[PDB]
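Whole structure, please, built from the sequences with the hints as guidance.
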Amino acid sequence: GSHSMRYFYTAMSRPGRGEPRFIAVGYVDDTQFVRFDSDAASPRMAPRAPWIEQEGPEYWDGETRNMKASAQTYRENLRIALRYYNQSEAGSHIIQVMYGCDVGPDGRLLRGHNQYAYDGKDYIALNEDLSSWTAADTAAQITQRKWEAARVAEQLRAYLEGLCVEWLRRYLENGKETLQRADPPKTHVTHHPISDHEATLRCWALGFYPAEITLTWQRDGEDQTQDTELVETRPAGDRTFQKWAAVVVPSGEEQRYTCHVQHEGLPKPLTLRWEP
Amino acid sequence: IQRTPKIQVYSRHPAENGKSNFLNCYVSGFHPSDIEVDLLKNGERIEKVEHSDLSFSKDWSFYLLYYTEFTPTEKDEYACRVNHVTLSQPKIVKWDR
Amino acid sequence: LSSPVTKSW
Numbered sequence: 001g002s003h004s005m006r007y008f009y010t011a012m013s014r015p016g017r018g019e020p021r022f023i024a025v026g027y028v029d030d031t032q033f034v035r036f037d038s039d040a041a042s043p044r045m046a047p048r049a050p051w052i053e054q055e056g057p058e059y060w061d062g063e064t065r066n067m068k069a070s071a072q073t074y075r076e077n078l079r080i081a082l083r084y085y086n087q088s089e090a091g092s093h094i095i096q097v098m099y100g101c102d103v104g105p106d107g108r109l110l111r112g113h114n115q116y117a118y119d120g121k122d123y124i125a126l127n128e129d130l131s132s133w134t135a136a137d138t139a140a141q142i143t144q145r146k147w148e149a150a151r152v153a154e155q156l157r158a159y160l161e162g163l164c165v166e167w168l169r170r171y172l173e174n175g176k177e178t179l180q181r182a183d184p185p186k187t188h189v190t191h192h193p194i195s196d197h198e199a200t201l202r203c204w205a206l207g208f209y210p211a212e213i214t215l216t217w218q219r220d221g222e223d224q225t226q227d228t229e230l231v232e233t234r235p236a237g238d239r240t241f242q243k244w245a246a247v248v249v250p251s252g253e254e255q256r257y258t259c260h261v262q263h264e265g266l267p268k269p270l271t272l273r274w275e276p
Numbered sequence: 001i002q003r004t005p006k007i008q009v010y011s012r013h014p015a016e017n018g019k020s021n022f023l024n025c026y027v028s029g030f031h032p033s034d035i036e037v038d039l040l041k042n043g044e045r046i047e048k049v050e051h052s053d054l055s056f057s058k059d060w061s062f063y064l065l066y067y068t069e070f071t072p073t074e075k076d077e078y079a080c081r082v083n084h085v086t087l088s089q090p091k092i093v094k095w096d097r
Numbered sequence: 001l002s003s004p005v006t007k008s009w
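Chains as they are written, first to last, in our numbering: chain A, 1 to 276; chain B, 1 to 97; chain C, 1 to 9.
Please keep in mind that the hints were generated in silico from the structure rather than gathered at the bench.
Where a beta carbon is used, it is the ideal one built from N, C-alpha and C, also for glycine.
Keep in mind that the hints are not guaranteed to be accurate.
Said to hold, decoys possible - A short list of chain A residues far from chain B (calculated; beta carbon distances all over 12 angstroms):
id	residue
1	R48
2	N66
3	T73
4	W133
5	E148
6	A199
7	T228
8	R234
9	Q255
10	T271
Unchecked claim - To be clear about the criterion: a stretch of chain A counts as covered by chain B if any three or more of its residues have a C-beta under 8 angstroms from a C-beta of chain B, and this derived list gives those stretches:
id	stretch
11	8 to 16
12	29 to 38
13	83 to 96
14	237 to 244
As the list claims (entries may be wrong) - As a list, the in silico DSSO-like pairs of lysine-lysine whose alpha-carbon atoms are at most 27 angstroms apart:
id	chain 1	residue 1	chain 2	residue 2
15	B	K19	B	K58
16	B	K6	A	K146
17	A	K121	B	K6
18	C	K7	B	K58
19	A	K186	A	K268
20	C	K7	A	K176
Spelled out as structure tokens, the structure:
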């Protein structure tokens, strides 16, 4: 299938409690592989997946350096952002960054991403063309003018089209046992009477990878999207994910309901019903 | 501006009394990132609970998985206690098999 | 591999 590499940075200020914390994590698809935390006893880019451990000292030292430099720059950016929004130095604020690349089955760049937020709201984003910017407000427009002046977009494009794709391909090859293996969901339906004339049907999907999945209830072949309780897909802790979808049905009408499961690991979509 | 955490309490594997397992509390969709999460066994805080590295979703909201090894029984009651700036008092979600 | 480009806002 297609794949993605993504990095997530969180820089959080904490006036009176030292310098802003910087945490970075890296992912291939739904698999985390590196971490950095400025609050660690000995801050460094550290492995979080077995297939990254084989990278040599140059990799880890380079990445550590890049992470510390990044942390400093984002502390400065927190100060700057304080200025741009006329905010006091007494409050805690957060800058977030998410970036990376998507490649197809042949390893070719599908597209790039490079997006920034301040206090949980869109700040500025590199457009899909990897050459122009979308700013969410006037402060972000100040940043945009700065970056247009310095041709930052070119450097980012150079990264996203070059190193990002190359190293993503490398990781996919080194971790092919896991990164290129889809685990299909194990599925089942449970039935719980809630009253004499109503019962809950719950369609379960467990142990699947990657996280992307679709669970839907149909009544007489018609989607019950509005009447379905759908929980957020959740991690099991063993790399796999879990999800369920529940519907409340009239007693004696259970067999008019079918659960439909779509997942990459399944050669064909599944249909299942309550089996008393 | 501020977003309150969604909370799910569940096990890694299907629960079977007397069989070792992992108790999970997944907190998500929250902002800002500071959050306090305890796993409770019969009302008391479990020690040495681990958690995933801070990350966030496409809408910038944060998520964290807290987890601990446990062995379910018929009597023992497990829960997750979460506090966040958006919450006036800690919210408790009971584990339901 | 992380991005080597991090600029001031």
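Hints versus structure:
Not every Cβ of chain B is farther than 12 angstroms from the Cβ of A/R48; the closest lies at roughly 7 angstroms, contradicting the non-interface assignment. No Cβ of chain B approaches the Cβ of A/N66 within 12 angstroms, the least distance being about 17 angstroms, so the stated non-interface status holds. At roughly 19 angstroms, the least C-beta separation between A/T73 and chain B is larger than 12 angstroms, which holds for a residue marked as non-interface. Remark: the non-interface label on A/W133 is consistent with the geometry, its nearest Cβ contact in chain B lying 18 angstroms away (cut-off 12 angstroms).
Every beta carbon of chain B lies more than 12 angstroms from that of A/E148, the smallest distance being close to 24 angstroms; the non-interface claim holds. Residue placement check: A/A199 keeps its beta carbon more than 12 angstroms from all beta carbons of chain B (closest about 17 angstroms). Listed as outside the interface, A/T228 is consistent with that label: its C-beta sits roughly 17 angstroms from the nearest C-beta of chain B, beyond the 12 angstroms cut-off. Annotated as non-interface, A/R234 brings its C-beta within 12 angstroms of a C-beta of chain B; the closest such distance is 5 angstroms.
No Cβ of chain B approaches the Cβ of A/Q255 within 12 angstroms, the least distance being about 25 angstroms, so the stated non-interface status holds. Every beta carbon of chain B lies more than 12 angstroms from that of A/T271, the smallest distance being close to 22 angstroms; the non-interface claim holds. Counting residues of the stretch 8 to 16 of chain A whose beta-carbon sits less than 8 angstroms from any beta-carbon of chain B gives 3, enough to reach three: the coverage restraint holds. Check result for the stretch 29 to 38 of chain A against chain B: holds, 3 residues qualifying (beta carbon to beta carbon below 8 angstroms, three or more required).
Taking a C-beta to C-beta cut-off of 8 angstroms, the stretch 83 to 96 of chain A contributes 3 residues in contact with chain B, enough for the three needed, and the coverage statement holds. Taking a C-beta to C-beta cut-off of 8 angstroms, the stretch 237 to 244 of chain A contributes 3 residues in contact with chain B, enough for the three needed, and the coverage statement holds. Distance hint between B/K19 and B/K58 is unfulfilled; the C-alpha atoms sit about 37 angstroms from each other, more than 27 angstroms. Under the criterion of a C-alpha separation no larger than 27 angstroms, the hint pairing B/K6 with A/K146 is inconsistent with the structure, at around 38 angstroms.
Proposed proximity of A/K121 and B/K6 is supported: the alpha carbons are some 19 angstroms apart, at most 27 angstroms. Under the criterion of a C-alpha separation no larger than 27 angstroms, the hint pairing C/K7 with B/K58 is consistent with the structure, at around 22 angstroms. This hinted pair checks out: A/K186 and A/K268 have alpha carbons roughly 14 angstroms apart, not beyond 27 angstroms. Taking the CA atoms of C/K7 and A/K176, the gap is near 34 angstroms; set against the 27 angstroms cutoff, the hint is violated.
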